[PDB]
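First comes one chain, alone, set out as structure tokens in the form solved without 3-benzyladenine.
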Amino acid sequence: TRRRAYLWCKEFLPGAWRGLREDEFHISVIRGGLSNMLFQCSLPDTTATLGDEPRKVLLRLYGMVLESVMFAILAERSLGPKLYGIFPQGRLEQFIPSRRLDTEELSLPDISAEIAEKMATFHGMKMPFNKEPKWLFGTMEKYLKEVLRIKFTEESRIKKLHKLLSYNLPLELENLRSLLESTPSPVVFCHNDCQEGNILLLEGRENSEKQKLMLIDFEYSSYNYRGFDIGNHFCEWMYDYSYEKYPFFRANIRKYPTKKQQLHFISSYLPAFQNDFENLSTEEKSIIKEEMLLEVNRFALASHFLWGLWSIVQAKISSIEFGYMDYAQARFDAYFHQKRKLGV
């Protein structure tokens, strides 16, 4: 691996990387794990670059074709990290000096204003993928059917899974389908996982007011209802994954964005998504806003439902230390709370 990374870096990267010896190779882990291990490879500080090649790069081990075409495209358009090399068991990507946002930072008005802008821009991109909005319910159905086949060993998971099934998930899915079918929402290229863990604060521009963030990790990206990408992100205000004691997240329902905070986000989103929106009548803009509010708060329900089902699947299979079943139970609690709140 330290050699594998050495070979991949020597062979895929230009400049000093070409003549690099193996005892000159600097690598360290950025994230271990079982799948998608991140690494930081870099030149001797005492090595001068020959061209415009990078000094430090991010390696990503997968641990099919669409994810690669996608990442290449975003790289080409300067929407994503640059792609320096791609191979069967991973790829070399640009290393972006940054940190991830924290949960509570999402509510900072400049941060959520720029996230809205960035998601709007992400949303207007054309991609060579299927533009039929199959993804949302196709994945929920795929997960549900996995869930009604999962058998757990340990009494606790059995107990928890038994509570979740008692909601009558198949019937509840139909009630959700019914509601969203009656809720218009333009299909656009969605990130589908726009949580704080996937938003870079680019270092050196913490002082920029509108250009300090980048969106990354598009493994779930597809054409999907705009409402889901926004409602999902709103849900993510509630969940903090940096908690260091099992179950390794906190949910806080009170942290869901207020009407005022929602209007602030979409008041950024809309002008960045349709460049003619800014010239509409004050009244019309509020017609569109009030209507969008209903839209994304309904699709928020699908965020809860989808990730709840996903969280149950991950329990049975994942190695990652995370209280998946407790998270599923949190997502469904927020699902039913949001139903009562909306009166739907």
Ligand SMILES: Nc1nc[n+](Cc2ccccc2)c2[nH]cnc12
Contents of the next structure:
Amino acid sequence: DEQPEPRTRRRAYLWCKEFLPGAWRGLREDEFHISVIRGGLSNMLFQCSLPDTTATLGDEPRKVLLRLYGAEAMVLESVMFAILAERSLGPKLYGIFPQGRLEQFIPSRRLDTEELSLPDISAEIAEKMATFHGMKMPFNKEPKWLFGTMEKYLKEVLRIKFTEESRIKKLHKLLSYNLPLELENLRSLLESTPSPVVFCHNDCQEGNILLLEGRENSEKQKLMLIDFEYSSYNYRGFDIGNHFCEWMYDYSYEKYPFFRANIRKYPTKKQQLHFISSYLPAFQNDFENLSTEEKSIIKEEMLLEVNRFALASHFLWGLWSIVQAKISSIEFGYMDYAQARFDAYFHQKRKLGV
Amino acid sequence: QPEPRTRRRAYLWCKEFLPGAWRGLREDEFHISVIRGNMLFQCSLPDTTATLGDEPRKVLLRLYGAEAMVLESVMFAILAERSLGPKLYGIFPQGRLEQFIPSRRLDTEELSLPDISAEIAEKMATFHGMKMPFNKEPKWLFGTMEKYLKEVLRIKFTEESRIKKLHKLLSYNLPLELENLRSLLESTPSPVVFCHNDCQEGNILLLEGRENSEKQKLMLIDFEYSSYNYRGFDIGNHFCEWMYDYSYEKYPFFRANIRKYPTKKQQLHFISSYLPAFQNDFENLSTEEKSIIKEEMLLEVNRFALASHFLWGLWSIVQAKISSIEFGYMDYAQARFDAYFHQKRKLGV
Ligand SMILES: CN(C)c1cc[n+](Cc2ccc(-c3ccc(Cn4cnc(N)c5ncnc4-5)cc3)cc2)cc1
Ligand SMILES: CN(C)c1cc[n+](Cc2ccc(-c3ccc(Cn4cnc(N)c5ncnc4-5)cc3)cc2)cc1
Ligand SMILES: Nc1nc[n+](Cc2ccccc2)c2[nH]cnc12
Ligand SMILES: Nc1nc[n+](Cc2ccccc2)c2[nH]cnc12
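For comparison with the form solved without 3-benzyladenine, kindly provide the form deposited with 3-benzyladenine bound.
What follows is the whole complex; the chain from before opens it.
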């Protein structure tokens, strides 16, 4: 129930008063209710609401989420959020302004990492993912995001110099793998791994999945995927592979390095099959009406596909994490997260026999 | 034809943003011609190229040229999603790809046809009712008039005849006049609504093959100046456009005709169509109550029309300095002010 600093309170009041219709337009500053949802140095969240004793005038919301950035991609993220809201595939957009936005408040909690493996959950994550992999979005259709971003991080990574000895020591270990050659070896493997270019979330982890309040007894319609800011047209294998990788990481751990990694929490073949059996009919529409041997061939190939791209999830977020150790001031063990992603990378390679 | 650099940029945008036969277009294959310009262009496959299906054969490319883009972009995307504007096919830093709508623009003379007018009023009402994630304080109208007035007072032209016209315009005492206008409009109730702000014939498409529809043959396009504004401004502004023909083939490249302003009857025809499309419980009011609403509405829009003359008059002065396009802006500015003083005389205000 934490209060923002009184200058933020005033700015939030004005945005709510001017952007929101109905009882909000005539609210005084002293009637305004706000509490921090999440702090941090950027992308801060607040809940704003009317007094309980204030009646609504029409269909205006009683309660909204304020998102403050704390600063091209700005236009792309804004248009995407607007489109998704229009398609009921995300929170409504109530206000956009240079410092942030006002969004629909969705009563909910995020999933915990252990919940990702629950069959009803997985099935539904697979369906939602298939669904927006299917949609049209006014963005560049060339799949350059994946390797373009890896190349960009690699370049930054090679330029990095740390001063603190345990960071320099850890950086020496990661560099000793020859990351540029590893990149090329990975590129070449993925060039021979067919994967359809689709519109990808790119960050489908539990923290970005909402368990809808009141819908816990719905078997197949209780979730919403959020936080599409890293979306792009990309290889389907990445979006799915990346999601499977996230089974292994728990970001709620309270001691340094502030995550737990468990190589044994990666989904089993049966768990993967259950995920892709739910994905496939939702994305192909009459997939169930194929011969069993053809369904099977598609499924076995898609498993190879997402498991090879899972390797790009490790390599890419490994590199990202090294970069974060340099530029971020967040309390998170970035170097240790990097080493965990590379460990998983080579363990995955050995498993696949590549 | 366009600049060979613009041709190249445009070719890559179509190739990378659009599905099907666009994805493997070779380069010598790209058809593109200029259509306006904030430049517009038509991009197409050659006739020879068959579609892989579902992808447009023709598209419009828009370049912004000389944050506003964020708002305009979100806005266009919303209208496309709602089926109110052209579809959005690509969005990028310098501009966008849009659906090409087989259509032509209306001519000035067509604004006054009863069916056209009735439908313009209905589309406007519908545009007005919609919710948009933008600032709802109606600060647009006078904020923009202030900003242009300030620039106009600093403006200096090099050429003598422009200096001479600016001097006549400045002698009306525009700062005092702005305050009289403000005070008149602060006492004229007008609901705040999502306004188009530029509802003229150049921005209204007559849809191809739909010419026989009495009530559904048009789309309002080009909403880049949109904002929450007083409803009276959009309407009065639209009325003032009955006076101006922008297809005049010689200098100053417009005809102004004060007698073409809608008559009371034509105004009533427009608002009788607007009201039931904006309120919807309006059709069920008593006859006398409708009559009261309409007569107040005539005063309302006619008074706001003064702000259309005043604002675009000032705007036109600034454009004279910066726009190298061919249009006599100083003469248009004078035409708007003549109209402003005539309308004040007509109103007793
Ligand atoms: C799409 N991108 C840029 C990705 C980057 C990294 N990954 C791997 C990954 C995922 C989550 C996390 C992570 C770390 C900490 C948290 C917890 N947390 C969440 N919010 C905050 N403000 C936090 N401040 C400190 N810790 C905060 C949540 C997620 C770290 C790395 C996936 C995608
Ligand atoms: C909402 N805003 C910014 C407005 C500004 C001015 N007005 C009044 C007005 C409207 C149209 C025009 C105008 C002028 C010329 C044209 C013709 N035209 C049309 N397209 C071009 N590329 C032209 N190049 C030269 N002339 C061109 C069309 C409309 C001038 C003033 C209304 C709204
Ligand atoms: N638009 C949103 N609505 C709800 N949540 C989740 C949320 C629930 C309870 C408390 C705090 C946050 C979001 N998390 C991110 N966006 C939203
Ligand atoms: N999206 C559009 N589709 C069609 N027109 C009108 C148009 C037709 C033929 C040639 C030139 C313009 C527009 N004018 C502005 N936008 C459009």
